[PDB]
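Residue strings, one per chain:
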Amino acid sequence: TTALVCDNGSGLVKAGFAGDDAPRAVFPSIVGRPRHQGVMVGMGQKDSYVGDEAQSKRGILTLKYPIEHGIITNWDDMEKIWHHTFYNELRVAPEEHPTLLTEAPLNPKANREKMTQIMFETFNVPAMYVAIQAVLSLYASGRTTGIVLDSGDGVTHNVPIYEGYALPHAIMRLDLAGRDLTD
Amino acid sequence: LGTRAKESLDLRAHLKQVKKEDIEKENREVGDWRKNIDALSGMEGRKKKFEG
Ligand SMILES: Nc1ncnc2c1ncn2[C@@H]1O[C@H](COP(=O)(O)OP(=O)(O)O)[C@@H](O)[C@H]1O
Ligand SMILES: [Mg+2]
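Chains G and I, in that order, are what the protein sequence lines are.
If you use the deposited numbering, the first sequence corresponds to residues 5 to 187, in order.
If you use the deposited numbering, the second sequence corresponds to residues 160 to 211, in order.
The shape of chain I in the complex, shown without the other chains:
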């Protein structure tokens, strides 16, 4: 019984390690943008839209 429990736990732990290795590996892909605002109180362009 102890041997069976040990082998089952070993297999489960090995699978969990294989998963968790890549789980911790590339977890920085969550870096994205937040798109805050600044009120753009300094835009003083001219009316020359020809490019559309």
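With the rest of the complex left out, here is chain G:
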């Protein structure tokens, strides 16, 4: 079967089946509970709008990103985001598809372990693999050497690679990124 190449990121979740050119569904990763009271009855008001739906009703929501700086600070919301990504934006049950998450360098271990535990227990995938976000960006350029500066929205990290041999002692991770520029 085909593999699911998900990419959590921080600010935009990008996902799609392996072997294409562009991600199938790209949508902000925000989960916003309503904050006002609500008087219309039977309007079908949900308790949390996630993804791109909460960028249209954002006038009466309190959007809150579940990923602060690479690390994940609110596991329930992240689980909700993943569930939405699998079932509504791709409509493929995870029981029949390998997954390939991505993770920033130098992140806490507990984050990665919890990620794999969720993927194996809740969604019950057949097999998942976690890859460093810079090696992939080096794949896409068709190179095999080079030093890649991957300035995302959560964290900016700079992984040098030569001839396929990564240099673990030369990774410089800096926490200034797009969110701090927005602020």
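What the hints contain is simulated information worked out from the structure, not anything from laboratory work.
Beta carbons are placed, not taken as given, at the ideal position from N, Cα and C, and that holds for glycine.
Listed below are several chain I residues computed to face chain G (Cβ distance under 8 Å; list not exhaustive):
hint: 1; residue: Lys206
hint: 2; residue: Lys208
hint: 3; residue: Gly211
Since chain G is already given, all that's left is putting chain I with the ligands on it; use the hints.
Same frame as chain G, now just chain I with the ligands:
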């Protein structure tokens, strides 16, 4: 004196001949490559690098 000069020159010439025989023998090992260029103005491949 002439005999001594003749024997010394004979030995020297024999040694020089022994050397020079192989000196001329395998002197074509100098054949190597020059690695010229052609500007490769006809490469139109696709992005499918999976072998790396
Ligand atoms: N065209 C653009 N010009 C300037 N900044 C942009 C543009 N597109 C996205 N950004 C910034 O980059 C962020 C998205 O980065 P992204 O690569 O999606 O992060 P991640 O690594 O989490 O996927 C946005 O928050 C935005 O601030
Ligand atoms: Mg990124």
